Amino acid sequence: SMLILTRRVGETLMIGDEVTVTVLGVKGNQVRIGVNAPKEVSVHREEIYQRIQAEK
Amino acid sequence: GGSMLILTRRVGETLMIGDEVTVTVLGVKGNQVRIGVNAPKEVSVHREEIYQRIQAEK
Amino acid sequence: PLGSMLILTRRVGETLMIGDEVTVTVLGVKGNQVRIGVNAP
Amino acid sequence: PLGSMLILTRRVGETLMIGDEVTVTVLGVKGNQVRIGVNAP
Amino acid sequence: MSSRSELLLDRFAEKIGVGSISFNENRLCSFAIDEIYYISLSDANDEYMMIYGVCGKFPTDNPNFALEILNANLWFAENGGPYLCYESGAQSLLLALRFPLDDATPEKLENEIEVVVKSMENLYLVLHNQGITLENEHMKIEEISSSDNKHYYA
Amino acid sequence: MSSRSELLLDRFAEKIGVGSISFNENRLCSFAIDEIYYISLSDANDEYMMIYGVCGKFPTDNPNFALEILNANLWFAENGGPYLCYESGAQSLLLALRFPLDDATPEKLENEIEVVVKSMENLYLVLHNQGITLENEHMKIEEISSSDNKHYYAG
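Protein chains in written order, with the deposited numbering: chain H, 0 to 55; chain F, -2 to 55; chain G, -3 to 37; chain E, -3 to 37; chain A, 1 to 154; chain C, 1 to 155.
Any given hint could be a false lead.
List time: in silico DSSO-like cross-link candidates among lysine-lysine, alpha-carbon distance up to 30 Å [what the hints assert, rightly or not]:
(1) A/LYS140 with A/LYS118
(2) F/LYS26 with E/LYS26
(3) C/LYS140 with C/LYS57
(4) A/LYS57 with C/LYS57
(5) F/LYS38 with C/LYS57
(6) E/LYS26 with C/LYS108
(7) C/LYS57 with C/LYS118
(8) C/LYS118 with F/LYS55
(9) F/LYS26 with C/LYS108
(10) C/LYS118 with C/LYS140
Examples of chain A residues lying across from chain C (beta carbon under 10 Å, computed) [claimed, not checked]:
(11) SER42
(12) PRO82
(13) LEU125
(14) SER147
To list a few chain A residues with every Cβ distance to chain H over 12 Å, as calculated [what the hints assert, rightly or not]:
(15) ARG4
(16) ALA44
(17) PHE65
(18) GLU137
(19) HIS138
(20) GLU142
Calculated directly from the structure, the hints in this document are not laboratory data. Even for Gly, the Cβ is constructed at its ideal location relative to N, Cα and C.
Same shape as in the complex, but just chain H:
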């Protein structure tokens, strides 16, 4: 279930009860993204996480 939505710079979306994602800015096709999440909730660049796990 992939939820597709739209936000503008300065706007926010909630994921669950403890995580909020903020659209901080746009430069070209790059989006600055803010994340509020607890300590135990890890944040990863997905391509970096996949390279980590590809090495066993």
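Use these hints to put chains F, G, E, A and C onto chain H, whose structure you have.
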């Protein structure tokens, strides 16, 4: 005549200054010499040009 | 100024992992508007 | 395998300081032999 | 006129959009990248410029943290990235990167500052994943604390 | 041999006369320059080689020491390497410096290693003047304790 005592030492030989400092010629390669120094922990050892620039920071 | 907020950069097509089962993908960008894809647990 | 010995390289014409009163200068080199200039009280 | 680093800095300021950035008594200036990242520039030598990405106040209580930062310098060395450093005057954690002034261009200066910013992003992510958030104080490097040993560190 | 990095290592072991040197299981080979300085080489990737100068065992008591080492990285950054680092496996202080494999000759590799050696000497010197001598334990790096965060440590 810049140095008071001039002498020669071969690789593996030793020169003593006083009785608490020992200078060892460890190796020679080209015009650079590996030098070993045994000295008390409070006696400081410096490359003279680096010490001069430590003085340059007035 | 933003407190403990973690700030990342994501280009169109790049994905962000949150936790073990949440992913956020930048699906498109124009102006100050971006489209986001959130995979739900 | 040199223990607590302090080791440093000196080119011909470079000087080594020991304490405040002693200097050791590499004056010349031939083969495995070195000419050393020493200043000490 | 100006040194070719001061002229480069004014030209980079106009290209990025910050009003007027100038070096100070200690040949240091500080500014904000996208109003998020504190970058300081040092006009130390006429052959190189220093880029400092101030990450945050160094954890006063964590002895393992310094060792983890040193251990991360391994992989920063592999990737040719900036150096993880500690500024003792402000007790800040820094990312330091040398920028050569020969063939220097505002485009290259921006791209190297971007490398510093990207490294800051990835470090902030790693620190967050370890449950660490660095305090945000003394982010503008007014002055670097000097040491006698700095001339030997080469 | 299967890379220009292996051919570089073989020609370098010939030029120095350290005998037969070969990258091990983890592509880490350790040797001694002048039978004095412990240096390890890692075939990091197909584009770069890593030169590690193992200074000694990291002090266990002084926490301020880690702060001094970190502060020293400021000035090592001004002078173009090497990097003062900590290796978690052997608990050792070391100087790391990458070597480009483009146009790489054993003379260049030897000169870069000499830059590591000069830095090791300077570090030994400043530690002695501070009153510190590093214990000489676990000098040969056969394996590097890897961190999952290594892929994030880049710009």
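Hint numbers contradicted by this structure
none
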